[PDB]
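A single chain, nothing else alongside it, follows as structure tokens in the form deposited without the ligand.
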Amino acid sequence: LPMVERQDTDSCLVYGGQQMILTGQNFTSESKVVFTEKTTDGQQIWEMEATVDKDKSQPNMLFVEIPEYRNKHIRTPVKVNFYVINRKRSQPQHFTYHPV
């Protein structure tokens, strides 16, 4: 199962478009990174696959481009999740987008 032990970035501005490095175990050439957001009641209101640099990435490191957030006009920071998926998925990780 993919495992995320740490991440070098916890937040960024809403545009995204910066690199995040994930350190962990059992990543492969086919690993995907997917960002999601739910409401408190569990309804999924966002999903966006993130671009992975498959040439730099290795079984214990993924090099990920943080996606543009769903709404670039937020006024307060928004908490989201991401997963590594080999549906074989990791625990959810935490990330925050901040307004411009």
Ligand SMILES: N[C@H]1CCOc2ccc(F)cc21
The other form holds:
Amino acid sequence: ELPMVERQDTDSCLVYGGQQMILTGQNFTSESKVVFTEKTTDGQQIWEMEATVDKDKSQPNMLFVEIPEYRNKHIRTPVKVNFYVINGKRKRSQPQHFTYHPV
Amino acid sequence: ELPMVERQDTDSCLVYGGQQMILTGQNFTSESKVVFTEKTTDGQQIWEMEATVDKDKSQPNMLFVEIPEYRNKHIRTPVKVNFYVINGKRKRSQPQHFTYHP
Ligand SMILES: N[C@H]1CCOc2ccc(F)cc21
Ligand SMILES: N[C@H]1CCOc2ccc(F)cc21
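Structure of the form deposited with the ligand bound, please, following the form deposited without the ligand?
Once more the chain from above appears, this time first in line as the rest of the complex follows.
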């Protein structure tokens, strides 16, 4: 019943974001949300940003997602972040991995 | 809820193993296990090794893990392996990536 992500077609991009990522998986709906986050090693969440889903193109096994602009556009080394797909208030997918690179 | 791995502070190490890897995530418990694996491209698992967790230091969002020694310390090129966190008999995280170097 949870959203599931089997694959993503994009693992990185420049800090501005603003490019399409395709998620292959299961149990996506027009109410699925995609949420990018980042945590410190000790687990404090220091970033959260919802990503825009293209709901016309998306299908129950295929989500089209616009990668967010990263929290700090002035980073000087690549930064590892996560994203998950969530249905409702609690049914979230496993966390996926993504990397932003400096301009 | 399944174990979830959001971060690892170590992506690789030498075949000796023994250094500490911190995993950041969710739904870890004192019974969580960390299992390293290797499989061929036809998908046959050719290595399985449980990694020792420091259960005193670990928290529900942090696992302190001793990286295992790799199965063959005489390799001459790096080897890609996976690891996962498992609670109970079958509730596992998706596979994470790791590399052993010669
Ligand atoms: N285009 C609709 C119908 C097909 O199923 C989905 C799944 C996710 C989504 F965002 C939109 C849609
Ligand atoms: N130190 C205990 C209590 C806090 O939660 C955890 C989580 C994982 C673990 F290995 C041990 C513990």
